[PDB]
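S.K.: The primary structure of each chain is shown beneath.
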Amino acid sequence: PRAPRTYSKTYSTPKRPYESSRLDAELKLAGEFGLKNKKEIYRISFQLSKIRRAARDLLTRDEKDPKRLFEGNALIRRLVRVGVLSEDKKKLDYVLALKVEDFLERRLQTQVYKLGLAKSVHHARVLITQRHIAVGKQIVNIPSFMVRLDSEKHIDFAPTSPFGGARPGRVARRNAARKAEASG
Amino acid sequence: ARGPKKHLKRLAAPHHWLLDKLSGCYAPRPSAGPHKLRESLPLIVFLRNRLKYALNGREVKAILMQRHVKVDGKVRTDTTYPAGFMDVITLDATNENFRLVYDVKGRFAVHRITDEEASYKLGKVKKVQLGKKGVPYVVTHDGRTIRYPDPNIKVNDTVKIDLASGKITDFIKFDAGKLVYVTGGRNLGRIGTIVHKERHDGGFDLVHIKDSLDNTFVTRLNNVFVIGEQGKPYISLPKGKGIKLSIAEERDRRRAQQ
Amino acid sequence: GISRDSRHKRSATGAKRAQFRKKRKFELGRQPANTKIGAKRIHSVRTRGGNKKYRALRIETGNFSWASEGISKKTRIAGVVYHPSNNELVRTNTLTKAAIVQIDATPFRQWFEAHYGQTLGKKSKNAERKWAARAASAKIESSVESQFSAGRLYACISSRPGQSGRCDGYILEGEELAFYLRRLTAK
RNA sequence: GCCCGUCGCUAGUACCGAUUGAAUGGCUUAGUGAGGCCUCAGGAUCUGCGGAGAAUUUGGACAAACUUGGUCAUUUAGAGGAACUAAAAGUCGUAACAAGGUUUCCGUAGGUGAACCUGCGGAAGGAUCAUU
RNA sequence: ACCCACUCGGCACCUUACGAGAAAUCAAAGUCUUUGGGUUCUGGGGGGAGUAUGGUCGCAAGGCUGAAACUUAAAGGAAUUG
RNA sequence: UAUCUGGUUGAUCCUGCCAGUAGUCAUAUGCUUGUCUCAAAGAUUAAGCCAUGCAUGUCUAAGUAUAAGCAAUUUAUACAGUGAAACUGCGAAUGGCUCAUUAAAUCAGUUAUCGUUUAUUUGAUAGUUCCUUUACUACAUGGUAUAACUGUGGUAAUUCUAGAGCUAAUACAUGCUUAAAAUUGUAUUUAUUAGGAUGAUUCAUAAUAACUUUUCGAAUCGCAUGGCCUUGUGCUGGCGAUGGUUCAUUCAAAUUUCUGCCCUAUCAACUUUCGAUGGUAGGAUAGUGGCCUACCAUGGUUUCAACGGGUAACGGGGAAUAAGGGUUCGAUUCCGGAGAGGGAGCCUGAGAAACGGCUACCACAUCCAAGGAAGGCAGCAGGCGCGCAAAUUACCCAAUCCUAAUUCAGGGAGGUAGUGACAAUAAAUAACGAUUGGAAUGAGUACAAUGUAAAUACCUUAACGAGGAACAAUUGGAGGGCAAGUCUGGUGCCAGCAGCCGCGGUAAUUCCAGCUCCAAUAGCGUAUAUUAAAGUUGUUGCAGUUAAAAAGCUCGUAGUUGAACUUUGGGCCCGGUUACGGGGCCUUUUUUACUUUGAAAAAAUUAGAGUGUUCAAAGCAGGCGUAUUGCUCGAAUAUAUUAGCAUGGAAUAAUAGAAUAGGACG
RNA sequence: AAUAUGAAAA
RNA sequence: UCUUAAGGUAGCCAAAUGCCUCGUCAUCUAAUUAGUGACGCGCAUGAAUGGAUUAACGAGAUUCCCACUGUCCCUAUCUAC
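Protein chains in written order, with the entry's author numbering: chain SW, 2 to 185; chain SS, 2 to 259; chain SV, 2 to 123, 135 to 199.
Please note: incorrect hints may appear among the correct ones.
Said to hold, decoys possible - Only pairs whose alpha carbons sit at most 20 Å apart, straight line, appear in this in silico DMTMM-like list of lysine to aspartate or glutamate:
no., chain 1, residue 1, chain 2, residue 2
1, SW, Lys68, SS, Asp253
2, SS, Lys127, SS, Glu199
3, SS, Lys127, SS, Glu40
4, SV, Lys41, SV, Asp180
5, SW, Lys65, SS, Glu250
6, SW, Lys91, SS, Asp253
7, SS, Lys106, SS, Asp253
8, SW, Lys68, SS, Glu250
9, SS, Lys106, SS, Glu251
10, SW, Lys65, SS, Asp253
11, SW, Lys68, SS, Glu251
12, SV, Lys98, SV, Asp180
13, SW, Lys65, SS, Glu251
Just so you know, these hints were derived from the structure itself, not from any lab.
Model the full structure from these sequences, guided by the hints.
M.R.: Below, the structure is given as C-alpha cells:
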C-alpha cells in the first residue's frame, strides 16, 4: 500500500502532574495569555525543551566545529526570524536562557493584542478565530500563528472582515433590516 | 518469487529518482535495457518529473508514441526505457538535446548540450574479448558492443562512440592525471583527477582522486569513469563542474545569489 | 521428483534438518538413462532454460578416437568389459562414461593400412613415397599389435550417453591400456 | 501482651491416585500402497517400404494416504488419600517470646491427640565475654 | 632454663577509628558513587517449599538436583524509650 | 528532560518489596462527543469454515477474416475499412493476502560463480541453406491438415462436447534462390594441438580427425511506391514490424565464503542399521556437491553447550522508553523467505512443485432426474465460527504503475468514497460596551462555481443560521502520595468506598446524595502487557556476620586470570597549526588480539538544512518577473555497532625462534 | 513445691 | 465413668476371613451377585496361633484384552473301525 504518513506529537505531559507551584505558574500563563488549555503551554514547553536540548548538545561541541557553526547559526537565525529571540542577544547561550514567555508572546493572539486591534487577549483570540484578523493580505484564524519578524508590521483587519471595511457582517444587516421594516 | 519481478514500489525505487513518497503505490520499474534498474533514469521520470513536459504517465506515453523522443541515435517508444549514465536524449521536436550526467549532489542532472556534441557519446569499456572467428570486441557500460577495437584499448578506458554508427572515434586511457567522473558510491557525481591506483589482488581495486580544489578522496575502480584529459574534458559538465563544497559553503552561495 | 537439495541430508553435526520448503523444480533430478547396446533409441528430454538433452538408450555405434593418430572413426560397440564404479553395468552391458569397452577394429585397421601401408598380426608411386615419408610408423605397441589381430579394440567411453546422447570414446593406449588390461587379467 | 499446633466448618489451588485412563500434535519401524513421471512393451486407429499413435502394459525412482506398533511433546477426567492457603470473635491444651516458669535452637533417632517430650552430639542467635 | 633486643611465621588480644557500616560492631566487615588486583559459589519480599515431580545415590532411614499453581503487605535486621 | 513519593514502628535507622507517577504508531473497553487535516483497522483465540459476485486477459498499419456482421469497393475482381467468433503469439510464474511451518533454518552485512541457467530489452552476430558437397530448390516460391461455420445430436446437469462437410497461417511438417573469396558455416559430441585477459585456469579464441536420431542460418506482415533502360507485370530500390544462432548487456535465478539468533543439562554425549565424515568412479543436475548410486577408509559434531526439547518464534529495515550503559517489542505499509485445507506428483512454459493449472489420497463441502459432476476467499467485499478484540457484498481505471498483439483494452494491483474517539495536527462552546444594550462569528443548511473519472466533503461564497430553558463538555477526584470541603442531608463495620496506607459500629473532611471546588479537557477513566523510575538484574553498577545469601572441608579438568626483562636516551634539519603535533638522518640501528583512516554499507524511519501547507501534523514543495515574453533556487547533511575489505602504528597481551646446535651467513 | 487462659475493630 | 492381666499397636480387608451383603463409591460392559481400586464401629482381620509387600517361578484359583477358531447362531459333508 501507500507509504506511511509520518506524524509526531507536539507536546509532552509532565511527570508529577500535581505540583502546586507548576499548576499555579501554568494557570498564571494561561490567564495572562488567553490560552484555552494546558495543552498549549505543554506544546510551548515541549518546543522550548527540544530547542534547548539541541542548543545544549550544540554547546557541548568544540568551538568552530563545522556542525556546531552550521546548526547554531541556523537555530539562532530561525529564532530571530520568528522573533522569540532578539537581535542583540544573537549568541547561542541566550537560546538556553529563553523562557516559555517569549514563545507565548510571539503568538498571533498576544501580537494582535500588542498591536492594539483588541480589547483583551481573549477578545484577540475571538477576533482571530472569527476570520477577522489577517496577516499580510490573507485571512488567518490561527491563534498560535507564530508571527515572523516581517509580519507584525502587516498585521491588520481582513479585507473580507466587516471590521476591515467590508460589508457590515450579518447581525448588523439583520438589525438594519428590522429597523427599516419598523420605520417603513 | 517464482519468476522475474515486474513491479517496483515507490519506497524501493532508487533515491536519486527523487520520486515523492505519497503520490501512488508504485514506481516506474525500468524494463531491460543497456543499464541496470538502479543508476539509470527512465524516460517517464525524465519527462514527467525532470522536464515537467507531461503531467501524467498517459501523456508521457503519448509523447513517447508520437516519436518526439529518441535516446542515443534511435527513437524509443517504451514508457520506462532505462536511460543510463552518458546516454544522450534528443527531443528533436523542441530542438533541445540533453546528455544524462550526475550533478554533484548525486542525482541525474538536466544538463543540456548542443547537437555538435550530441553527435557522440563516451563509454567506459567494461570488458574486452575476442568474439567469434577470432574477432576482438569491446563492450561498454551500456551493453553496447563494438567489434574490432584498437589493440591499445583495454578495460577501464573510455571509448568515444558516434551515435550515427558505432565506431571508435578515439579513446582515453586510464592513468595518472586523467580527469575522471566518479559514477558510484558516496562521491556520486564528483569529478577530479587521478594521482595513483592501488590494484589489490582479488579484492576491489582502489583509486585516489583529487579535484581542482585539491580535495583528495578514494573510490573503488568500479565506480570511476575517465572522461578526458587533465582539465580537458571530452564532454560538457553540468553547473558546478563536479566540485562539492561543504554544507556551509552551499548555504553561503545560496544566500549570496539570493 | 528426485531432489538435489541438501536440505534433506543430515547436517554435518548430525542435526535432523526440518522440512523448510516444498520440493522445487530448479533442483529436480531425473532417473538414470541406463543405455544398453543395439537399436539406437534416443529420447529428447527438455531441460531448464528450454534446452535439450539426449537421453540415450540402446545406442548402436559411437565415434572413437585413436589419440596417438589423432583420427576418429565411427565404430560399432562390442560391449563393456570393465566399469570402475559398478560391475552391474558390466554384467548388463550398460554404456556410461569411463566404461572400458570393446569395439570393432576394421575401420581403424583399414585406416592404418591405407595411411601407413603396414599390417598387424600375420600401390601407386605417390603411395610408396608417402609410406617412405611415414616410415617407422609401424612401431605401434604390442598391446594394440595383438589387439588388431584379436579384432576388437579396448576403448574408454568419454561421453555421457545420458546427457549428450552419444557414446564417443577414445582408444586405450600405453600406461592406461596396460593398467586396464592388468585389471582384466587380475586372477 | 503476644503466640503455636491438632481438631470442627466454608471456599479455593495444586499433588498422589486403580482406570493396561482419554484426547491433540510431531517424528518413526513394519505392512498395504493411489497417483503422475522415466522406462521395457502393446500397438486400436490415421497417413505417405515407412511415419504418427489411444487404451493397455513391464521394471524403476518420487511418493501421498491408510493400519498396527514405538517414541516425544502439550493438555486433561478420575472414586479415594494426603497437603497448602484464606476467611471478626469455634474446641483442646500452652510449645515459643522473661531463667516463658524444664534456657532456646541444629542434626539424628524413638514416642505421642496436639503443640511437643526424651536420648546422643553440636551452637550461643545464653541466662556467663570475668578467678593469677 | 632465663633476661633484654630484633626477625619470620601462628592462635589471638588491648585502645582508637583514619576508614567502613543501618547499627550492633569491624586492623578487617578498611583501601566503595573519588564506584575495576584474580576468581569460585550463593540471593532477589514473606510463604507455599527444600514441598510435588523427574532424575540420581542409599538395604532402609534419607541425601544431591529441585519447581509450579496459589496466597499475602508486610516478613525481617540493628538499636531507642517504656 | 542523570529527580521520585505513600506503606512494617510508640518512635528511629536499614534491607526489602507492595503501591503511587509518567510514556507506549499498544490493545480492549466504559462514559462523553461540534470543527479541519491525516489515518490504522479480523494478526493475536481458528493457516477455522465459507453462500454469493468480482479480482487475467490482450491487437496494431503491420500473423490468419469470403461472419451466410457493420459500413463501403464513389481505392481497387483475390483482399483492401471496421469488425464479433475462432485459431496464432505473449502473459496468466507479476501483483494482492497471511505469518502456519522454520532456531544455523530463514535473514542481515559481506563474498564467489574459474560452478551454472537465463524468455524479454539493448548492442553486435550466419555468401560455405548445392554440402545428403550446383537444382534435395517450385524459388514469379512448395504440402497436408485443422480451427472459426452449417447441419445432426446425447446428457437433469459442467467453461461437456461426438459423428460429417468445409478453410488459412509468423500454426505444423519440408525446402532453395550463394556466386563462390580463401583454406570445409554454424549447432552437438568426442579426442588432439596453439594459446588477448585475469591474482590464477584445460580461460577467451583458433586448427585438426570425425559424430549427430540433427539445431539455426527469413516461403511472415504493413506502409511508400521511387530510380535504370536493351520498356519487360523486367532489373534495381526506402521506411519498418515480426523472427532467428552465437556472444555480450539487462531483468533475474540457483547454489556459495565469513560472522551473527530467544529459553532450556529436570536435554551429555550425538551422527554412523539402510549416508553418517571423506576418497575414487558413474549417473543426475541448468550447474558444483553424498544430490543419488557402487567400491573403499572410519570417520564428523561436543562442556568455547553438540544432540534433544519449548518458543504464545518468519528474519531484517525498524518501534516504545531511556544521562551513559541498557530493557522490551517488531503479525503489519519496505526488503528477503514460506503458504494457498494437509501432503505428494506432474504437464506447459525461459520462468511453477503454480493451486483464481492439473493428478491422487485424506478432511471439508455443493448440485443431482441417484446413473453423474464440480471446488479450494491466508485477494476483494461479504457471511458463519472463534473470541475482549477489528469496516461497505459501493464507484473508477482519473492518477502510480502493471500486462497484452499493445497510445485505444484490461487490472477489487491501485485510487475514490462508506464505517471508523486506533493513533496523530490545528482548534469552536463566546467577545465588547454602559450599569442593559448594540456589534461578530462559526457549527448547521445552500443557488453557484471550484473540487472529482463522476461525485461526497474541504477551500470560497448569494441567502438563512446565538441570548441562554439557548447552538447547555464531559471524564475522574476533594484524608495522605496527590491541590482540591473540617459544608449540608442520608447510612450506621450495613450499604459501601478504597491502586497502597486506610474510611465507615447514631456527629463519615473517605460510603449514597446536594452545593462548592480541583486535574485533564473533545477528551477522560478502567484492565492487561511493556518501559523509565529499578543501583529490585547491577559490564558501567547490587548484596552475602546478624536483614536472602560463603557449598562442611580439601583436591581437581574445562573456563577466567597470571612476576619482571629484550630500543632507551641524545644531537641536526625539513615542513604543518598557534609551543602543539608529523617527517628525514646520525648516534653499533612468525602468526594474532588491538587501534586510526578509507572504500562499501536500499529506501522508508532518526537527528537535521531550506521552504508561512492560513500555523501545525505534514509535503518536498516552491520563488521572482516588464507575467503577451519567461527565468530560477532546491530536493543537502551524519550515523552504520558487530562481521568482512584495504590501510597507518608495535605501547599493551599472547605467540615460536639457536641448547644431544642436522643453528645463521657464505 | 504448685501458677493454665483472657474474643474482634479502635 | 465402669473394668480387665492387657484392652488389637504397626499394618491390612466385604480379602480364601464381612452375617446384614448383590455393603457404598469409582472403573471395566449396552447391561456385571463376577474382576479391580478405594471406604472400614472389622458378626468374627492383624503380627514367627507370624502382619504387609514382594522380582522370579506355578499342569494352583479368578477377571479382562488381542489373535484364534463349529463353543455357538446352525448345521452340513468326508474317511477308517
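S.K.: Against this structure, judge whether each hint is valid.
M.R.: Each hint, compared with the structure:
The hinted pair formed by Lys68(SW) and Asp253(SS) meets the criterion: a straight-line CA distance of about 15 Å does not exceed 20 Å. As the CA atoms of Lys127(SS) and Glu199(SS) are separated by approximately 19 Å, the hinted pair is consistent with the 20 Å bound. With a C-alpha separation of about 16 Å, the suggested pairing of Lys127(SS) with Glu40(SS) holds against the 20 Å cut-off. For the hint pairing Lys41(SV) with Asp180(SV), the CA-to-CA distance comes to about 14 Å; that is within 20 Å, so the pair holds.
Between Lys65(SW) and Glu250(SS) the alpha-carbon distance is near 14 Å, which keeps this suggested pair within the 20 Å criterion. For the hint pairing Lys91(SW) with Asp253(SS), the CA-to-CA distance comes to about 19 Å; that is within 20 Å, so the pair holds. The hinted pair formed by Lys106(SS) and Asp253(SS) meets the criterion: a straight-line CA distance of about 16 Å does not exceed 20 Å. A C-alpha spacing of about 12 Å is found between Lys68(SW) and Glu250(SS), which places the hinted pair at or below 20 Å, so the restraint holds.
The suggested pairing of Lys106(SS) with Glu251(SS) holds, with an alpha-carbon distance near 11 Å, which does not exceed 20 Å. Distance restraint check for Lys65(SW) and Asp253(SS): the Cα-Cα separation of roughly 16 Å lies within the 20 Å cut-off, and the hinted pair is therefore satisfied. Under the criterion of a C-alpha separation no larger than 20 Å, the hint pairing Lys68(SW) with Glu251(SS) is consistent with the structure, at around 14 Å. With a C-alpha separation of about 9 Å, the suggested pair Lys98(SV) and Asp180(SV) falls inside the 20 Å cut-off, and the hint holds.
A threshold of 20 Å between alpha carbons decides the hint, and for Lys65(SW) with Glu251(SS) the separation of about 17 Å falls inside it, so the pair holds.
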